[PDB]
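Based on the provided sequences and hints, a complete structural model is requested.
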Amino acid sequence: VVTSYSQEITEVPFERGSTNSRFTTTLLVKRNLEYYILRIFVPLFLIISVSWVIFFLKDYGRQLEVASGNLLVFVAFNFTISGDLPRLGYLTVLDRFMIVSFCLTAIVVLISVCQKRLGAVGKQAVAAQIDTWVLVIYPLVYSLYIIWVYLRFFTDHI
Amino acid sequence: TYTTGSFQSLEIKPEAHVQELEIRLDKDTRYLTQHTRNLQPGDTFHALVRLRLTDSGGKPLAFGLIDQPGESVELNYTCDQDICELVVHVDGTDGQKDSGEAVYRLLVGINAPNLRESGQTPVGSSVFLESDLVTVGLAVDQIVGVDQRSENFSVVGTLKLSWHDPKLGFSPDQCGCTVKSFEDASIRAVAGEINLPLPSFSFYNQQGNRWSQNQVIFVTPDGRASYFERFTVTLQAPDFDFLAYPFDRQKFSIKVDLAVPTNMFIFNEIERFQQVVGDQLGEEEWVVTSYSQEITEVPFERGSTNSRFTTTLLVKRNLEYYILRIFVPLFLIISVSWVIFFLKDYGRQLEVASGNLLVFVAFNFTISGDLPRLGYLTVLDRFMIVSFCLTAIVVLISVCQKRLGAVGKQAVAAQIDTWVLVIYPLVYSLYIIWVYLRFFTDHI
Ligand SMILES: [Ca+2]
Numbered sequence: 483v484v485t486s487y488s489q490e491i492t493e494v495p496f497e498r499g500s501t502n503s504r505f506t507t508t509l510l511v512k513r514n515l516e517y518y519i520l521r522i523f524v525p526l527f528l529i530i531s532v533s534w535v536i537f538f539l540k541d542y543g544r545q546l547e548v549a550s551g552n553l554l555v556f557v558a559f560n561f562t563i564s565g566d567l568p569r570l571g572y573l574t575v576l577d578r579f580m581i582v583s584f585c586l587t588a589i590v591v592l593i594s595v596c597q598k599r600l601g602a603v604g605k606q607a608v609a610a611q612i613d614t615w616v617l618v619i620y621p622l623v624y625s626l627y628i629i630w631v632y633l634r635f636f637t638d639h640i
Numbered sequence: 162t163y164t165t166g167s168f169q196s197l198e199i200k201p202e203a204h205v206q207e208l209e210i211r212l213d214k215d216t217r218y219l220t221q222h223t224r225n226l227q228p229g230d231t232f233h234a235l236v246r247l248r249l250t251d252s253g254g255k256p257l258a259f260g261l262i263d264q265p266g267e268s269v270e271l272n273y274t275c276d277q278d279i280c281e282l283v284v285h286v287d288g289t290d291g292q293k294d295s296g297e298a299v300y301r302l303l304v305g306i307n308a309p310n311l312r313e314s315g316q317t318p319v320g321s322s323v324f325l326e327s328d329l330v331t332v333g334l335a336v337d338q339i340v341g342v343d344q345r346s347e348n349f350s351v352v353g354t355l356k357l358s359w360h361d362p363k364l365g366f367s368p369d370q371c372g373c374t375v376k377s378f379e380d381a382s383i384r385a386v387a388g389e390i391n392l393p394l395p396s397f398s399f400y401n402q403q404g405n406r407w408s409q410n411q412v413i414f415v416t417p418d419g420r421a422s423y424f425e426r427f428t429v430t431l432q433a434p435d436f437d438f439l440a441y442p443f444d445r446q447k448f449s450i451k452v453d454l455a456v457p458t459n460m461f462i463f464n465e466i467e468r469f470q471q472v473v474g475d476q477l478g479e480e481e482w483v484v485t486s487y488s489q490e491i492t493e494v495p496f497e498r499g500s501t502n503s504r505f506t507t508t509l510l511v512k513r514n515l516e517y518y519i520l521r522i523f524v525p526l527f528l529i530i531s532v533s534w535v536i537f538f539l540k541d542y543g544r545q546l547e548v549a550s551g552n553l554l555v556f557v558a559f560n561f562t563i564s565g566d567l568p569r570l571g572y573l574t575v576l577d578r579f580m581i582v583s584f585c586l587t588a589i590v591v592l593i594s595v596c597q598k599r600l601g602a603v604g605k606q607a608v609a610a611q612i613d614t615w616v617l618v619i620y621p622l623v624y625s626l627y628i629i630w631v632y633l634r635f636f637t638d639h640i
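Protein chains in written order, with the entry's author numbering: chain C, 483 to 640; chain B, 162 to 169, 196 to 236, 246 to 640.
Hints listed in this document are in silico derivations from the structure and should not be mistaken for laboratory results.
Incorrect hints may have been included.
[Said to hold, decoys possible] Derived Cβ-Cβ restraints for the label pairs, each shown as a range: (1) B/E379 / C/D638: 40 to 48 Å; (2) C/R513 / B/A602: 55 to 63 Å; (3) B/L626 / C/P621: 34 to 42 Å; (4) C/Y517 / B/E389: 28 to 36 Å; (5) C/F635 / B/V524: 46 to 54 Å; (6) B/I629 / C/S564: 30 to 38 Å.
Where is the CB? At the ideal position from N, CA and C, for every residue including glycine.
Written as structure tokens, this is what we have:
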């Protein structure tokens, strides 16, 4: 979608010692951000929501099963939307966010494994403390990463 | 400026045309051949230092008489033929020998070296009909594509040749305009249009026809012509070796050969009219570590050689992308498959092992989009195979541990568990060290 356009005439050093006249039409275009927000980011936020709410039932075996299943779901969804992800040779803020989300889901799988070990060894108070600590840090980790990426890739003044 | 050309017999002694040079003989150029410019009717050629003098058509004209003082052979000739061209050729290999090096100097004069008697000879004019000196400049604006299965790279850039040909000069008034310009026609096409020699070039590796844009060859009345062309050309790259992908460094070699031998034109000087590699907005897939432009000689299709101007760009992939997207999630999946050996419930461990192997397969194909479908293996493919083998192995070990837990042996199961804990990281580290030694070092 064309945000703005502008036609204007300049001079350019021609092949000889003189200059040629140039007429440049610049169109400021942008993507349909609604499509990416509703197709890529909303299902993703739901997958993180599942991986964050599995820390409520604290059965520690059911939690582990759902954590592994949700990591598999995240992989499958990532490749489902990989069709529109451009196969550019360099990183992108969408790629960076997918990367961070996958690392955090794998980390919650690891924490579920450790919590299951704690539940089996006989330490459940420590397991509950780790559980509530995950509940409090996970949303702030995601918010901090989003703020950091916004500051890095969209601002210079602030 | 003082004008020379053609329009519509005294004091010839001062205008003596006599000059000398030193030569080096080695490798294939044992036989040396030199031409000369058109001569006056009275001019007599004296050759001093076998050797033989013929015309442009090769018809023998004179040999050399060996005079022992001064060594070598002395040759002399004279003719009254008006418009004609003469050639002197010297052969240094009359028999098979090891050789390997030869230093040689010659004495050449078109009228009378006796008057000059060699010496410094400042007023001497070169009469070898020396090859025209063409400067070349090349700039790269983008590397638009790299097809690594077909091993080619499409590159866009600008090319600028510049050569002085007095025969190409003209009177500015006859056409009005000062500069005579031939648009959107190759140097070969212009040489076809006007029956004159021009330094036609080629890229020596392009597949298909390059897109030539803004190409124009314009001549100045003094005779200094210049050719400009913004090309979009798909070069072939045999030198590509993706065995170390994605940690590989590649050479993008853009080689502009001249379609005329070294006798006619040679690339004199590389011209830095524009930044050799352009800086453009964006990270870009291939970042240029270093570039280097240089001129060489290549055996031409005839017995002579042509001048080649090669621009070599040392490019590398954005390794942050591969490390953060391919290797970090891979390390996390491996960490899951290694930490499933802590809970030791032996049924939950098996469930998570199977689920994690499925996760590994799904992630493998998720990142298979960027894995090149090359017909041969790669360090990334090798590491993926090792990871899959180890994950399947931990699935098998989990099955065996579950069997041991069910049979009534749990101490052996715990021993196997801790043994897996201690060997798995060292297995991965050992494999990484081995692949680094195999694919990145020779000294160590
Ligand atoms: Ca760019």
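*Of the numbered hints stated previously, which ones are contradicted by the structure, given in increasing order?*
4, 5
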